[PDB]
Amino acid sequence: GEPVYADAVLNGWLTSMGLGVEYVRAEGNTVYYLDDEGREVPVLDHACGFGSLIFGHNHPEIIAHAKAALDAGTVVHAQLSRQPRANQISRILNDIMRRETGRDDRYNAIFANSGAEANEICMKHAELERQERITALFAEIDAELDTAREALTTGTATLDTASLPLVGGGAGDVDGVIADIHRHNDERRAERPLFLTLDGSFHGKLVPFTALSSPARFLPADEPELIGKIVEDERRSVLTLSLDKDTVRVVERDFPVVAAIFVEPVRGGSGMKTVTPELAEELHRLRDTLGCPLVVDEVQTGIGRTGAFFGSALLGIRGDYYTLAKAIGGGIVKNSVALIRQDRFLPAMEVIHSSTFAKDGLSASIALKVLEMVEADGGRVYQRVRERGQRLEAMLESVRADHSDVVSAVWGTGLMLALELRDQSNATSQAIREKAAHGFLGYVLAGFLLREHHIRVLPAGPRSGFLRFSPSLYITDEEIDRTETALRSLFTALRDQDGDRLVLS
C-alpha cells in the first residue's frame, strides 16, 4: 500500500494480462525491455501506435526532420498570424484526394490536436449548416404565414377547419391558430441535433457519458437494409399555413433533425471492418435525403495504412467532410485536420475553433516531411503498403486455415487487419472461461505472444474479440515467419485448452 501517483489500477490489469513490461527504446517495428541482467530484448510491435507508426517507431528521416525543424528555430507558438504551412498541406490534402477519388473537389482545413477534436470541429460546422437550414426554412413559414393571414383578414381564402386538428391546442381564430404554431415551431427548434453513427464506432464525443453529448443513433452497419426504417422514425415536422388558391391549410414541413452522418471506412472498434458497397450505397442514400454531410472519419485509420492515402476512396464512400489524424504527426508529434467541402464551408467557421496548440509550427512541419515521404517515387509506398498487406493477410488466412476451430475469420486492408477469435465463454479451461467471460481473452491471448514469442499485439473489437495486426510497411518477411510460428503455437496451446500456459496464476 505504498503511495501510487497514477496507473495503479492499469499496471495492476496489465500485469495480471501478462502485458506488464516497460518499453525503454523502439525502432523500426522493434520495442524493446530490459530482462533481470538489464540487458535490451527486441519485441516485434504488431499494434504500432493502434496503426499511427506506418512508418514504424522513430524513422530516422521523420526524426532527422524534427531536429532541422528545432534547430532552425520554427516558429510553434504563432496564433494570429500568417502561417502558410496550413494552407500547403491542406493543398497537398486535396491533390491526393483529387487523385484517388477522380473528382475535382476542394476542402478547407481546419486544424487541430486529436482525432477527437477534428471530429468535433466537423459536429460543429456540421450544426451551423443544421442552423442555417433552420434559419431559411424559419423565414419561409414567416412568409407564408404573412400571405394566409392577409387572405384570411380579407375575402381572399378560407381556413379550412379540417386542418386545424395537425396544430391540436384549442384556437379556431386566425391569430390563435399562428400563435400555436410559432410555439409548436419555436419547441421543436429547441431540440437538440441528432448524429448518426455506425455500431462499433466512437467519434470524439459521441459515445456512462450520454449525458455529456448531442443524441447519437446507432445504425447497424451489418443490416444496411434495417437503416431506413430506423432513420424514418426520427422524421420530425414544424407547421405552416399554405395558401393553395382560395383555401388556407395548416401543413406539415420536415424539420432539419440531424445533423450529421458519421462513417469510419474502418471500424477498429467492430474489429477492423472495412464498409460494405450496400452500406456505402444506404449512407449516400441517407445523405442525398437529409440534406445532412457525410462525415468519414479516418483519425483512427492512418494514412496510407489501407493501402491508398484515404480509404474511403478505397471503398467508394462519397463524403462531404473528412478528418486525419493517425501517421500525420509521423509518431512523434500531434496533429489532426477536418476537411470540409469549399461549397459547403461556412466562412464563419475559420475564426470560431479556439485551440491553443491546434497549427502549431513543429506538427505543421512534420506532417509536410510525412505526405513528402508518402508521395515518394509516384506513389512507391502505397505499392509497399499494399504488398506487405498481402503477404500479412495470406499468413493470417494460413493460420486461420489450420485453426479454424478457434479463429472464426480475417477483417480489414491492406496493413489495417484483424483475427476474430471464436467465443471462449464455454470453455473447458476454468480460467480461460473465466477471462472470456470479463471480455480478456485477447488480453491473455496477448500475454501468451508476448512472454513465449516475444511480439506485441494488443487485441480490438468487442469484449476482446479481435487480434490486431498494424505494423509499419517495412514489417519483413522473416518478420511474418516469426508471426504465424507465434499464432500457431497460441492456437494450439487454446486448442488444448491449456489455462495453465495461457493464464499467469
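Positions refer to the first chain, counted from 1. Here the rigid core means the biggest group of C-alpha atoms that line up within 1.5 Å when the two forms are laid on top of each other. What changes on going to the form deposited in another entry:
Note: rigid core superposed between the two forms; among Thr276, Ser408, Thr247, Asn94, the CA shift is 2 Å or more only at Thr247. After superposing the rigid core, the C-alpha of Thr156 moves by 2 Å or more between the two forms. With the core held fixed, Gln300 shows a CA shift of 2 Å or greater between the two forms.
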The other form holds:
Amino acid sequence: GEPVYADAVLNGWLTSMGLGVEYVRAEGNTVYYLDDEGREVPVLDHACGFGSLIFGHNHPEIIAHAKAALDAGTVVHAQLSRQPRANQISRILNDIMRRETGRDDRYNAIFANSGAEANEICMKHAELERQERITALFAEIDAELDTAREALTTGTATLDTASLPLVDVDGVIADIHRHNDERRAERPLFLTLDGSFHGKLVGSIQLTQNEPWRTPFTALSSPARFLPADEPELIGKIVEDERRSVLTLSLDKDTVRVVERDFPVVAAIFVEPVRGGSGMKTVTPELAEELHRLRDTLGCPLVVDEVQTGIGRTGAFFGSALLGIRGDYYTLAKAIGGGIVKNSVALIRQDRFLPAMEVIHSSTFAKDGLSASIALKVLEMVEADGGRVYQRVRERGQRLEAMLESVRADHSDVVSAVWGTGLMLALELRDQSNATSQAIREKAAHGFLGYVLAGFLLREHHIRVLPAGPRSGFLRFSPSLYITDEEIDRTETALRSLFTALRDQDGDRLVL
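Switch from the form deposited in one PDB entry to the form deposited in another entry and give that structure.
The following holds one chain only.
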C-alpha cells in the first residue's frame, strides 16, 4: 500500500495476465526485458506499436536522420510562418495515391498529432460540408415559402388542408420555421462498420464500437450507426430509418401543399480498409460497393481511415488502393513518425476542400519541423528502389500468413480463421466460455483469453503478441518487414506449443 501516482490498475491487470514486464531497450523486431539477475532477454515483438513499426524499433536510418535534424537546429515551433515541408509531404502522398489508384485526384493535407486527431479533422471538415448543404437547402425553402405566400395572399392559389397534419398562411409558415430550426440544431450521425476503431477522444470515441470504451461517453458527442459489414443487404434499411425531413410549401400554380423534403443528417461514412477492431478483416468488394452507394446517395464524404493500414502495411502504400475503396478523405498516422515521433495527416479531395478549414483549424504541435523532417525520411525509405519495400512486405506477409494457415489447419479445434493482408494478420480464437478447465473458462468469460495466451507466449517462448477484437478473441501479428524466416519458425513452434496446451485444457500452464 505505498503511494502510486499512475498505472496501478493497469499494471495489476497486466501482471495477472502474465504481461507484467518492463522493456528496457528495443532494436528492429526485438524488445529486451531484464531477468532476476539483470541480464537482457530478447523478445520477438509481433505487436510493434499496434502496427507503427513497419521499419522496426529504432531503425538506424530514422535515428541518424532524427539526430541530424536536431543538430541542424530544425525549427520545431514555427507556427504562422511558411513551412514548405507540409506541401512537400502532401505532394509525395498525392503522387503515391495517383500511382496506386490510376486516378488523377488532388488532396489538401492538414497535419495533427495522432490518428484520432486526424479522424477528428475529417469529422470537422465533413460538418463544414453539411453546414454548406444546410445553408443552400434553407435558402431554397425561404424562396419556396415567399413564392407560396405571394400566391396565397394574392388570389392565385388555395392552401390544401389535407397536408396540414404535417404542422392560416402566416401561422403555417411560423410552424414550418420552428420545425426546420429544431431539425437544424439536432446532432448529425456518422456511419461506421461493426467492430470499427477510429480513436478514443470525445468525437472519435462515438465512432468506436467497443462497448465498454464508448457507452460511458454516449451523451457527450454525435453518435455513429454501426453498419453490419457481413450483411450489406441490411445497410440500406438501417440508413433509410435515419432519414429526416424539413418542411416547405410547394406551389402547383392552383394548389399550395405543405411537403417534406430531405434533411442532410449524415456528416460522414468512416471505413478501415482492414478492420483492426474486428480482428483484421479486409473490406470485401461487396461492402466497398455498398459504401460507394451510400456516399453517392447521401452526398457526404467517405473517410478512409489508414491510420493502421497506411505506409506499406498491406503491401501497398494505401490499403484502400489495394482493396478498391474510393474515399473522399484519407487519414494516416502510425508509421509516419518512424517509430520515434508523433504525426498524422488528413488528406481531403481539393474539389470538396473548404478553404476556411486552413485558417479556423489549428494545433500547437501540428506540422512541427521535427516530425515533418522524419515524415520525409519515412516516405523516402518506403518509396526507395522502385517500390521494392512494398514487394518485401508482400513476400514477408505471404510467408507469415502461410505459417499462420499451417498452424490453423493442425489446430482448427482452437483456431477458427486467419484474417488480414500483407503484414497485418490475426488468428481468430474459438470461444472458450465452455472450457473444461475452470481457470481458462473464467478468463474467457471475462473477455481476457487473448491476454492470457499472450502471457504464455511471453514467459514460455519469449514472443510478444497482443490480442485484438472486442473480447480479446484474436491474436495480432503485425511485425516489421525485417521479420526473418527464423523468427517466423520460432513463432510457429510457440503457437503449436500454445494451441497444444489449449487443446489439453492445461489451465495450470496457461493461467498463473
